[PDB]
Structure formats: structure tokens, C-alpha cells
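The chain that follows stands alone, in the form deposited in one PDB entry, written as C-alpha cells.
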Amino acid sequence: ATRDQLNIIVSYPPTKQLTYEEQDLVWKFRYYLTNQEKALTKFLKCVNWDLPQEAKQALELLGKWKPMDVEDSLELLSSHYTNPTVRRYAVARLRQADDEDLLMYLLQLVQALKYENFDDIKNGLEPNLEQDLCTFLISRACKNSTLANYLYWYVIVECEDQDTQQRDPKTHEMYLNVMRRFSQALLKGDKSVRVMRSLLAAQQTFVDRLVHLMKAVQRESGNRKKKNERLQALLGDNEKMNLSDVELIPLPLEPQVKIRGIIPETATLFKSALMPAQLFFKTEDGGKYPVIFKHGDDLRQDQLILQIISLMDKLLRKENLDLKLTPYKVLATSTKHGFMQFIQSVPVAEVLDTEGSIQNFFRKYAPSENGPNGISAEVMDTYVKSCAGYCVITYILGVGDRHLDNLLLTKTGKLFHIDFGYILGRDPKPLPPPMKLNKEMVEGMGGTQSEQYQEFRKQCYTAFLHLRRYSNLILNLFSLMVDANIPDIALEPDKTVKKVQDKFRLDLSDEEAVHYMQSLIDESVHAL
């Protein structure tokens, strides 16, 4: 009875509002819940922090409480929590995460600095619970150069944000101070952390030079061939432009990769409105890392989606489920330019135009006499899995504007999506289908009577059930994004988390969730 009503409350997603009745029920049993880590955030929610005596008692219980997971602590950094001791406790729990996990949350943690104390951040500038979020991140960045790289670029983009600057100067000034504190901590560090500062400086001037080059190509008119030759000439002039021969600097898009420079003679522009450049970076070890450099575009919505897809890919792998996804790197180097990792691939629309069908494509580049449908069993297994993975992930994220030009394919059988300009349920058309599945994908795996389609359906159920188990973490991260300058979030900041929460159907048992996902696929198929 009373015990059952608590377990329902405790198991709520982190963003659901407890009723008055629910809050006072949680309070009454506060002492009966101290060994349930998943109930601590529910308790903290129901505390009148206004009242000193109750706040005292609440902090006592926070001390005696079974410590909460790192994933749940992310909730305490959101805008709904202002008590300093609660926010310092969140940081203390975050300290238990290793750097691989921390890096996967970094984009959101940088947004959460909006919810920190701005005076503390400023006051740390030279003219257990002892660390706020800013001090924590700078401290972790000074020990890991990959963390430092992303901290720098994440904060630098929030600094240049002209909407924030005009519309919320206090928050813009905080991010300047965050960057000033970072620089200060780097200069006070040992030779290791001190050289990191100049590596960051070298990356920044390289991007400025690249930005300047893109503009130079576009100064006068010319056709694409003429513009490529301008691009190539300017890149090869290293005295002038200095982009083809640099001292092994980290690549911002992926700082583990050290770059000697851009290869001048293989750089070209894409045929599109913004004419982003395809650029091959020379690696310290003689290899090539292809990127797209975009100028005149805000990559931050793409950056968020690819960060989330990367996270979901890792969660699934943690569960021994590798769906062959393609979480390509995206890094905004400004609100107006950025990098994307280039993946060798071909749009499905071009597959249909040239080979007539996904199956024909596979039979041309990966045949197998005894393989399924004459296709390499290895390639077919890669295609079924990546279809299942992307069907579930784009459903959960409500990605829209899906067509055969932003569905991409590799000769190894990987299918993946690109261009996430429409998310969280926005779409150019009204009444879009909930499962982003089409007739070309289903024919690609042999149609709906095939063993592959069965496998695809099962991989969809598995993926959905696993990601459901991580709904708290995923909902928490999204709740740190509700004030970000990301267009599809800023449209309805107060409905964003709910939009993602609903997709998990946390109201269904696992048994029921699998039936639902089965009907989602069949109904989408029946409609195709």
C-alpha cells in the first residue's frame, strides 16, 4: 500500500513533478528511504529549502544517505537546484566518474555553468564539498589534455554567442570569466599543463586562419573549379596562410589526432549553398584525416545530436550490443563555423539513382555466392544492426526531415543519418510517421518475409529496452540543455525533456514495451 505508492514515486523519471501529496509522502518516510540511492533526488525535491530548520535536517540526511550515482547527480546541477550544499554534493559525486564518462557529459556540464554562482567564478580570478562546478572542470581539464581540448572549445563558443551577449550579459560575462579562470589555472600548472595552453593557442590561430581562407575563396565570383583552385593555391602558400605545415598540433575535432597540416592539392568545396570545404589533414604518423569545414553555419544542434548518439552508442556497447552506428565527430569552433568528421559513404538517393536498390549496391561491392541474397553475410549483418540502431535512436530523439539524401550508406553495410536540422518532433510536414523507416531500407534487408527483417525487429526491441534502462541519464543530460541556444530546444524549452521522456514509454513494463515497439515497426511498415 503505502510502500507500493513510494516505489512508484521513487522510480519516476528525474524531470516529472511530484504532487503536493507525493512530496509530503516522501518527506514522511525520509528516514525509511536512506538506503535507496534512487530516492535521494526525490527527497531533495520535496524539501522546503526556504526553512532553515528543515534545510538543516535535509543536509544531515544528505550526509547519512546512500550516495547517489554519477548519472543521477547530473540532475542536481540543473536549474531546479540552487542550494549551494546540494550543488557541491553533485560535484563531489561527479568526482567519482572517470574521464571517459565525464567527457561524454562535458557539453552539458558546460551549459550547467549557467546555474552556478557567477560571483564565485569571478572571485576565483587572481587580481569533500569544497569544489564548485567550474573549479572541478578546470581541475579535471588540467590533468587530461582531451578534456582540456573540449572544455576550451565548448566555452569559447559560449563566449562568442551574440544572442547570449545581447540577451543575457551576466551569463555571457560568466563564460568569459570561466575562460579567464581556465587560462589562469593553465599558467599556474606544471610544464605539462603550461604547454597545453600554447597548444590551445596554436589551435585557435589555425582555425582563425582557416576561417580567413574560406572567406578569401569567396571574395570574388567564380565557378566551383575556379574556387577550388583558389582554395588549393591559398592552402599551399604556407608563408602566407600557414595551414599546410604546422608543428604537430592537436586536431580540435579529435584531439588524440596530431596534425602536420592540410593537404593543399586534395582540398575542394562541396556543391551546396555554403560551399563547405572537404579537407584532408596530415597526421603526425603520415595518415590522412578527412573533415568538412563549414563556415556560415551554427553546428551546435548537430553537435548535440551527434554527442547524444555517441553516448547511446557507448551505452549499448557497455551492454554488449554493438549496432554498427556511425557517431561521426562534430565540433563547433564558433557559433558560425565548425568541423565534422568526413565518413566515406554514399546517400541512399544516389544508390537508387545508380544501382536501383540497396540490395543491388551490396551485391556489386560485397557479393557472396552462399551469402544472403548473394550479399556478404558480414555486410548484411552490419546493415540490419545499423538500421535497427538508427530506427530506435532517431525515434527517441524525434529526428525529422528524413529523406534519401540524408540517409547514408557504406560498402561495409553501415547505414546512418546526417543533417539533424529538425529534432524533438519538429518536421517540415505535419503528421510525420513516428518510426523513421522507409520502403528502401526494408527492401535492402530482403523485405518483410526475410530472416533479416526478423533479426532487425529483435535488434530494435533489444536497443529500446537497453536505452530505456538509461532513461534517467539521458533525460538528465537533456534537462541541462533547456536554456541552450539550440533552435529546436529554444522553441519549447519547457517541453523538451517531456518530448524525449514520452518516447521511452516508461509507463510500460519491458514485456509491454516490446509489444509497443513491435507495433511501432509494423504500423510504420504497414503504412509504407
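Throughout, rigid core stands for the largest set of C-alpha atoms superposing within 1.5 Å between the two forms. Positions refer to the first chain, counted from 1. First, how it differs from the form deposited in another entry.
- With the two forms fitted on their core, the C-alpha shifts between the two forms stay under 2 Å for all of 318, 188, 219, 212 except 219.
- In this overlay on the rigid core, residue 51 has a C-alpha that sits 2 Å or more away from its partner position between the two forms.
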Second form
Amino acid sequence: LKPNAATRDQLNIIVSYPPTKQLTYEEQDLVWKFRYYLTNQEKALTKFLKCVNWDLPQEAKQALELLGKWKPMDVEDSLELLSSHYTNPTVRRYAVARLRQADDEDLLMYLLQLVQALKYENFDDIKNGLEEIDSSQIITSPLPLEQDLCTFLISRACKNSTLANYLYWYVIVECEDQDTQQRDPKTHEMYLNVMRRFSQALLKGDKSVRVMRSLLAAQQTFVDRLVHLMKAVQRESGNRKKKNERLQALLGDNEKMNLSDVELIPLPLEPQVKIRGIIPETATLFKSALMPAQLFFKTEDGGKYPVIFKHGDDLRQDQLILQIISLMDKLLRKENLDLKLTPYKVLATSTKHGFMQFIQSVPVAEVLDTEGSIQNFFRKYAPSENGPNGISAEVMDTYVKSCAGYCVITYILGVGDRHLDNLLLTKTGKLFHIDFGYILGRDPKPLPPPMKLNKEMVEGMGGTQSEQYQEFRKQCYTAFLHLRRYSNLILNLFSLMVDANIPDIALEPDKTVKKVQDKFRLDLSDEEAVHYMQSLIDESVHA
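If the one shown is the form deposited in one PDB entry, what is the structure of the form deposited in another entry?
The text that comes after this line covers the one chain and nothing more.
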């Protein structure tokens, strides 16, 4: 059945929709009517499967015939199929089948999301792969369209130690989730079962695979002791100076604790890095009443890898935000735009605790209290006689680019609660944000601005009249156009976090993807979208 040119155009309009537009009944009947003609368009499948009422068995059987005939879909479109809209096991098996096609570098960037996608999988299939229960005991307690998702994730994790590490911790944290346990116990089991299947699949494996399981256990052991240590510190009476002496005391006793000297284990935060232990003498606590701890790991090479370990806090929102920023930055760099971003690593070792890579830097606030100005600061540490305003070209260039990158990205992610506390600067010129407590348009104060600039950022570029500021403008709109090309991917990825119990998403799960989708101004053309960003910057700077 071949549609006439007038409708072919109408079909094209429909397929051009954001994966998050809800098609009308008229619109579905039309896409359904010409489903066979649409088979050509990889792009059209997703909208086709939106046209099906999966509760009608014959309609599902019918749809599934086509799936097997359709131009096969992209990787980025497959993440649409693993969301909650789709319970149909054949569909979800079709999605996994096209994710197989992706490289592990790419899987990693969506893995946080895919672990959530487990929630929509078939719990009976998962459990019957096996051959009250503390999730963290499982690895430490070893017994002496064909694939679903669980099988696939484990199969790939068995071949790739980096992937396995994240799979392991992402699932632990899903197991640890108190809310899921009370409100969806069956889901809690599904995750226990996944961990047990992972544990099981490792032990079945060859020499190298089995060692991966020892490693994962050693890490979980490591973290259990760190946690215990932190509790001891957080109960210690008296001033912070006194509470530091306890943290250092305990790290240093390897009999009791085992934390200063160990056989090389992957760092859970960045498992490419392996670590001999924590250096006791330099451990300290931040001022915060939560008492997160700064801690220098000795790496394999005798380098230092400082982290923050937070105990009593849920890092999952922050984890997500840095996972996204990381992906945004990979994408930009694929399109040859390296904005000197600081996608620092975040990893939750539980709902109650986790790690953060600690980047050597100075809060802009401190920069003010010590050197008066971002430019003065740069003239102290990165002086040049030839360079702009007394400052090394490279340093200013880095600063302009990163200023632009965050400006866009923090706008797109509606990151609020911004202060000179959260805004950090690097003697190499790198500017970056931290502490993502409020996102997607929340803020402690009312009427938050949509663009997150300030007098101090602008001044360090040399005011609105400088060559730098023009380059800033230019890098923003350019970054905005690049990120718009990936709106599909980014939107699918947030779309998989609706049940993830991320505070700012769990207010209005139903309504969060649109919050992000609106920032992209997908209604505007690229050229119009450039003038939108320039407007935005103008308003902001005028206030």
C-alpha cells in the first residue's frame, strides 16, 4: 500500500516528532494504515510501536511481525523500547538485540539507565535463570532476540572488567533502595536475583572471570569497613579537629580496619585505577555537618587520587547529573568541540553513601576573598605579559570555553541553588559546577533565573566589551546546536530515570522529560536557535 504524496508528507511530520510527543488517535490510525510503507524508515518504527495497544494480543502479534521486517533501529532509539511503556518481552528482546551492536564505551554511558530498565523486565525469566539476603553479602559469599536484558548485561560484564564494576555497584544500590523494598518488594527481589545471577555467572567463568569476582568482593569488603569507620568518626564528640584525629587514627590501624594497606583493588569510583590503600596522615573532614571526608588513595603508580566519601547522603541525583555531563562532553568532543569541562566521577556505594572524585580547584568565593577577582587570580598563577589582560592565552581560552559549556549545560539541566561555593575554578583556567542538590528547575529561593551567569564570571572574561566575551557567546550557541542534535538520546536517557527515586525527578516523574525537552527549543530551526541562546545570554547579563 503506497500513500499519496500529501499524506507521505504528513507521515514525515509525524515521524519527525520528539520521542516524547503523544500521537493522537487520528495520527495513529494513519501510521497504522501505512505501516508497511513505513517499514523503510528506521526512524518510523518507534512511532509505529507507539501506535499499538499492547493489551490486545492480536494487535501485538501483528506489530511484532513487522518489527522483524523493519529497517533496524538505531542504538539511541532502542533505549525507547526498554522504558516502561513497553512490557512486551519480544519488543524488549528486540531492543537488547540492537544494543548488542553498541561498543562497551557506549553501553557504559547508558548503563545507569539500563539498570533501571530492569524494573520493566520479566521477573520470572530472571529468577529462573538461577541454579533476609543482604545484597552486599552475595559477592562475598561464594558457593563451593534470544537474550533478555539481565542476561545480556551480565554476559557483557563478564567480558569487561570496567563494565562489571559499574554493573555491580549500580545493582547493589538498587538492592539497597529502602523505598523500592517497602513499596515494590517484587522489584527488590528482581535485583537480588540479578546480583545472584551475576555472582553465579562469574563463578561459571574462566580463570580471569573468577578473579573479577574476588576483586568485586574485596572492594565491597573495603567499603564496608570505610562505612564502619565513618560511623565511628561521626559519633566522636568534640570539635572537628578532634574528630580528624579519630579518622586518621583508624585508617592507620590495619589490624582493626585494613584500610591503609591492601592488595591492589580497582577503585570503585574509577576501576581503571587500582589502589594500595588510603593515606592516613592527610585524611580530613570538610566543615559540613554531614562530615564528608577527604581521602587520598595511593594508586598503583604511587600517584594520589583524592576523593570525597560521604556517609549519610544519597548521591544518586549528583551521580546522574555527572553521568549526563560526561555523556554531553563525550558527544561534543565527537563533534570536535572540547570545552574543558570537568565531568568529575561520582559513584554511589549505597543509597546512604558514596564517593566523588576530588578535582584540585578553588571555589570562586575563596578566589574573591584572597585575590579580589577571577582575573587577579589568573594573573597570580598563570601570568603572561603578551596575553589578554596580563593572562596566559591558554588559560583564558580554557576559561572561556568551560564558562560557555557549563552555562549551556546547567541551563539545559535547569541546575539551581548556585553560589560562589558551588562554582570552582582551576589554575589551568577550568571553571566548573558541583553540588547538584537542585535540578530541573527547582531552587531553594523562588523565581530562579533560567541562565546561571554572574557578575564574577563575566568580569573574568573582561566584561561584555572583550574579544573573549564574543568567543563565549559563540561557543554557547555552537554548543547548544551540538546538544540539540542529541536531544533524542538525552531525552530517552532521562526517560528511563522516571522510577529511579531521584528526588527532583520523583516530584513530577510524569512531567520531567518535558522540562528538559523544552530547553532544546526543538520548535526553532538551528538559525533561530542561535538567536534564542543569544537572547538568553542578553537578558541574563542585563540582570
